[PDB]
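Make the full structure from the sequences, and use the hints.
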Amino acid sequence: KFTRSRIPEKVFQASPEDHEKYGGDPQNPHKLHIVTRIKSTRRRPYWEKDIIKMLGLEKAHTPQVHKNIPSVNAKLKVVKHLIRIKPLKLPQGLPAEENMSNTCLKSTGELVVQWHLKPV
Amino acid sequence: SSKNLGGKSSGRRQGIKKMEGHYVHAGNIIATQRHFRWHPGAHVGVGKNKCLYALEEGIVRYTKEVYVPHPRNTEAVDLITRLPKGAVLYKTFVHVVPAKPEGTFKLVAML
Amino acid sequence: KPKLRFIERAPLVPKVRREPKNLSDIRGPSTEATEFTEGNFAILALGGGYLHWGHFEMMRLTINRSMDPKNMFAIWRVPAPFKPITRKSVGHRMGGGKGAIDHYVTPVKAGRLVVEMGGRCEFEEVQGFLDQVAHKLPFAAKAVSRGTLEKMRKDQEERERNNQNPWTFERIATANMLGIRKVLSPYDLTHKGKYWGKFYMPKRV
RNA sequence: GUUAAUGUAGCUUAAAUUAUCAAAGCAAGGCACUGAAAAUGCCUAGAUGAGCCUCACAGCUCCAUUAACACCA
RNA sequence: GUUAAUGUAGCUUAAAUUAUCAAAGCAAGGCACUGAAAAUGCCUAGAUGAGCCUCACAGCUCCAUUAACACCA
RNA sequence: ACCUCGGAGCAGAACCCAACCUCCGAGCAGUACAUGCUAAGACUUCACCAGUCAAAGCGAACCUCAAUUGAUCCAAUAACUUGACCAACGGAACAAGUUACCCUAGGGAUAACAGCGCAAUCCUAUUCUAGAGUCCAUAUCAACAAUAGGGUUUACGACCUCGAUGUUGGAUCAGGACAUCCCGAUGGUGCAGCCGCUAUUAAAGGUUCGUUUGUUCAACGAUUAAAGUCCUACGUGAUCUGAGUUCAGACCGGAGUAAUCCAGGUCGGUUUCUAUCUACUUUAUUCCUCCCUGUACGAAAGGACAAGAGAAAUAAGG
RNA sequence: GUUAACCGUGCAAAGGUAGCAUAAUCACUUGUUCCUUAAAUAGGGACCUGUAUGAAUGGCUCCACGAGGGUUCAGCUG
RNA sequence: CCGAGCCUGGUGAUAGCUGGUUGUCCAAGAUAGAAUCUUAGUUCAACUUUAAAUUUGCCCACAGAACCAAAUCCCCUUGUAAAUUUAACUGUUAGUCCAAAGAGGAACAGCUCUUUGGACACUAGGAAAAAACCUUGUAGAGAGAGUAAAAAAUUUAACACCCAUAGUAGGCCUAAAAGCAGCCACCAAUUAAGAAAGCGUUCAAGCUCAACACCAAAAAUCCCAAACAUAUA
Ligand SMILES: [Mg+2]
Ligand SMILES: [Mg+2]
Ligand SMILES: [Mg+2]
Ligand SMILES: [Mg+2]
Ligand SMILES: [Mg+2]
Ligand SMILES: [Mg+2]
Ligand SMILES: [Mg+2]
Ligand SMILES: [Mg+2]
Ligand SMILES: [Mg+2]
Ligand SMILES: [Mg+2]
Ligand SMILES: [Mg+2]
Ligand SMILES: [Mg+2]
Ligand SMILES: [Mg+2]
Ligand SMILES: [Mg+2]
Ligand SMILES: [Mg+2]
Ligand SMILES: [Mg+2]
Ligand SMILES: [Mg+2]
Ligand SMILES: [Mg+2]
Ligand SMILES: [Mg+2]
Ligand SMILES: [Mg+2]
Ligand SMILES: [Mg+2]
Ligand SMILES: [Mg+2]
Ligand SMILES: [Mg+2]
Ligand SMILES: [Mg+2]
Ligand SMILES: [Mg+2]
Ligand SMILES: [Mg+2]
Ligand SMILES: [Mg+2]
Ligand SMILES: [Mg+2]
Ligand SMILES: [Mg+2]
Ligand SMILES: [Mg+2]
Ligand SMILES: [Mg+2]
Ligand SMILES: [Mg+2]
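These protein sequence lines are chains U, E and C, in that order.
For the first sequence, full-length UniProt numbering assigns the number 35 to the initial residue and increments by one for each residue that follows.
For the second sequence, full-length UniProt numbering assigns the number 38 to the initial residue and increments by one for each residue that follows.
For the third sequence, full-length UniProt numbering assigns the number 47 to the initial residue and increments by one for each residue that follows.
From the structure, some residues in chain U lie toward chain C, with a derived Cβ separation under 10 Å:
| no. | residue |
| --- | --- |
| 1 | 36 |
| 2 | 39 |
| 3 | 78 |
| 4 | 82 |
| 5 | 114 |
Calculated directly from the structure, the hints in this document are not laboratory data.
By construction, the Cβ of each residue, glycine as well, lies at the ideal position given by its N, Cα and C atoms.
Structure follows, in structure tokens:
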């Protein structure tokens, strides 16, 4: 039969070489994710059609944030093929109450807090 | 030409009815079986068709206790008496940890 | 005795309940006898298949023809054909029940030695007539020695180290990477990508 | 099923108790032998189980059977 | 091919187990001998292979056979 | 052949899960006489229907087995209860054959004709060297098997069509394929030659007439250079034939009590269409005589090549 | 069982008799053979296992006769 | 037009069967099964629609589930927003193929049968055209933009040359087996040439080898886009 797969836990373990390729380091992990769906739920089974309404990834190529806690992270393990998970990094701090009018995502995942349209 | 005939019986739907950790009230059927699979432990009775029914309102738990049957069961004492001398049999056993106490004392009158 | 004994058609105890033809009896590598014992030369099956009695009478009468029993011997590694095969008599419509018991067969998986040989001769002697009997079989065969077989596994264990392609089969298949377990069988994790049904692909890591 | 009746020597008809005679079977006798025919003797919980008496015998418990109805809807 | 049934002393019919009687064959006896007729005794995986029991006996594995259909196209 | 209920497999680890799928059983028997009465809670054969358990209580002691079975209404009965192999087992209170004399409603959900799928059956060629072939695997034949292909048979499948897709042979005209029967071109030969056998190549051309059968086939006579295999809706019935097959009639033979029936036989049996559209409607061969010659060839019997001349027959064109 | 007159045997109410015949007659079948033909799955006469022939379900012959079904010499004719 | 006339009437007979079923505009919407003179049908369930009410449903994790492989069940957290009950319902209850586990069959079918999962009957793009394969779904206009899937690769067999004498026609065995019909043995001569590895021999004779020495393709109307190895991915 084709059933729901389960992945053995030696693929969600990174070597020290992978931190040379990707930017993340095993000390101080990233607080937030950037998840964006890159495949259709069509021709995928109903469990992989209903996690996508659970994470809110109905409109594809539209990014989304989720916690990097291991309760949400297990849901990303099922629908990993549909999605593109990038870490959320903030160049500045968090946006306070005078800051959230002009923010944007800045692909390469930089939630900048002051978005002017003026050049450098 | 259909040399065989008969094998059209429906299933029995027989398994465990209340799984582990479930709050189970009195008289509730925990599991249904034949050719014994889960044995009664604390506060679990057995009827005629080897059904496991709960004897006190509580929570069902499943342990692996030690199997010493009745000496008036002549079909397993002759099983026991050919083990090697360090052997234990270890059937699996269901339980009910009782939750609600069997009663409190209340002040009723000052007579 | 240093000759292959007469293996019979239709073993003398007849089975009455006839078995379903589970073709998982051919799939993948052989868990059974895949390494030599008192014999240096053999025909390794590089692919699965069914050996009839008519396959046995070909090899029993060709090996014994082309061997001096003084300097060589030969032992089977396969039992008598035990699995019954059902044939309905041609000219019936479909159904009515499973047909009569017809002929017996034995399942040979991949990587399983079939007939082992040895003696006071080398692999270059037996290569003449074992390659005769190699191509006549219903699967990919290759006569190999002890020193010729474990060359093939260091090849197949260096090629799991040598390849520079960063995607291999087993890293993709055990992880369900593109949703690829949808198309892959649940045996595809287990065999490797090296197999495909009955057929074994040797050129593949 | 409800009723009715029957239960037999190895077979059957009998006999108001105590049980016949005719087949069968048993030898015997006549025969060149076999048959018949005689001449002999046998063969009976009278299908029962308690016995009220004393019972095939009379009321059953009864077991096997044989006939009858088992309808108008 | 599908079904159905049969498997026998040397022949055959039998027999609800335990197996008959009538041919054949075996001598014996009557005969000038042969035949008949008696008088004798024989001759049986009951076609099977395991035996559940205990099986011609009953469910097969079964082997040889005997009937039936094998159509409307 | 089956129809109900049970166990195991298929279905390996909650449950479920088909099948004219594979195997086993069941239509009971025994121990009891509290196999008494009541009553929380639950499971449940995928609904319903039935089914399953059971704490506590009351009254008293001090059930086993897998499946072992059947609803309601009605009858029997004072009562309590008891009634089907209603096994077509959720069961109509009680009803079989036959129809080619048939009829109507439908169905390509569903058959025979053909298409298509497939290729077991069959056919072709390889691979392997056993066994033939006096010796010699491969001049020629070929076992055990394997690797590939073709889609002619008999089958299987039931996807198109049953508000019709007309069938066997025959006529007629043929279109095609090459796996070549003749005619050409060669390699080999257990090829002396004549004759033949085998493989490459070649699809321009050619491929007969007759007796019996409905015959395609087969057999048989006489031929020929040869009487090719096949496909094209078993080519082609709005071109023809209907002798077969296959309506209504009737026999004989068998089966059935009879009506009827039979790949068993046999006599008899309506083949419609005035063309809208597409298409279309004037582009050399083979054999025999003669020759060499009775030579090459062989020892003989036998007997040609290619070179040359001469004759015919067919097709095409007049 | 000696192709068997013959034997013993079973069973039935009787056990298909006379004939006739590869039939307008299941299958083997285009049976075999003589005749007809250059050649005859057609026809004619005989042979009979007809295992499914048969005697008012009528049998077997025969005289005329048939828009009956088959074969035929002679002619004859697109 | 007779297997039972014809006409009228009961008759608007009946039909689990075909055909038909007429304004616009939007919204939700795919079928586990059970019985049944039933499989061309229907009742129930399952599923679906509206309207209600109330609280959890999904996704899930350490623990846990039998003796004789993929996974599933239960399940807090979690991310989320639907779920259950109640009321009224009709309709679907003749399916297909792909992958996977199997079953039947020929380890045949565009075959049959079930489980799990898609897709399909729903739009759109790609795979030549194409139901079912691949990419994508929530809708309108625009003479804007970035992308998704997305274009078959391959071309294959050269081979050594030179030189071979002798014990010995090894014994055995056989008419006769000489290196080679069959046996056991398998020493040794000169530098080195096997009591002989293929032929060839009735038996021989020779012919060589081993050694010195030298340095994949075939089928039926007519093949089938055109073509192109070289300006920067
Ligand atoms: Mg079952
Ligand atoms: Mg079932
Ligand atoms: Mg239920
Ligand atoms: Mg009690
Ligand atoms: Mg019924
Ligand atoms: Mg029923
Ligand atoms: Mg008629
Ligand atoms: Mg009539
Ligand atoms: Mg009609
Ligand atoms: Mg259809
Ligand atoms: Mg057809
Ligand atoms: Mg030979
Ligand atoms: Mg169809
Ligand atoms: Mg039609
Ligand atoms: Mg028409
Ligand atoms: Mg039409
Ligand atoms: Mg050719
Ligand atoms: Mg003619
Ligand atoms: Mg035609
Ligand atoms: Mg016409
Ligand atoms: Mg036409
Ligand atoms: Mg007429
Ligand atoms: Mg037109
Ligand atoms: Mg006849
Ligand atoms: Mg004629
Ligand atoms: Mg007249
Ligand atoms: Mg109507
Ligand atoms: Mg909608
Ligand atoms: Mg219907
Ligand atoms: Mg299908
Ligand atoms: Mg179908
Ligand atoms: Mg020489």
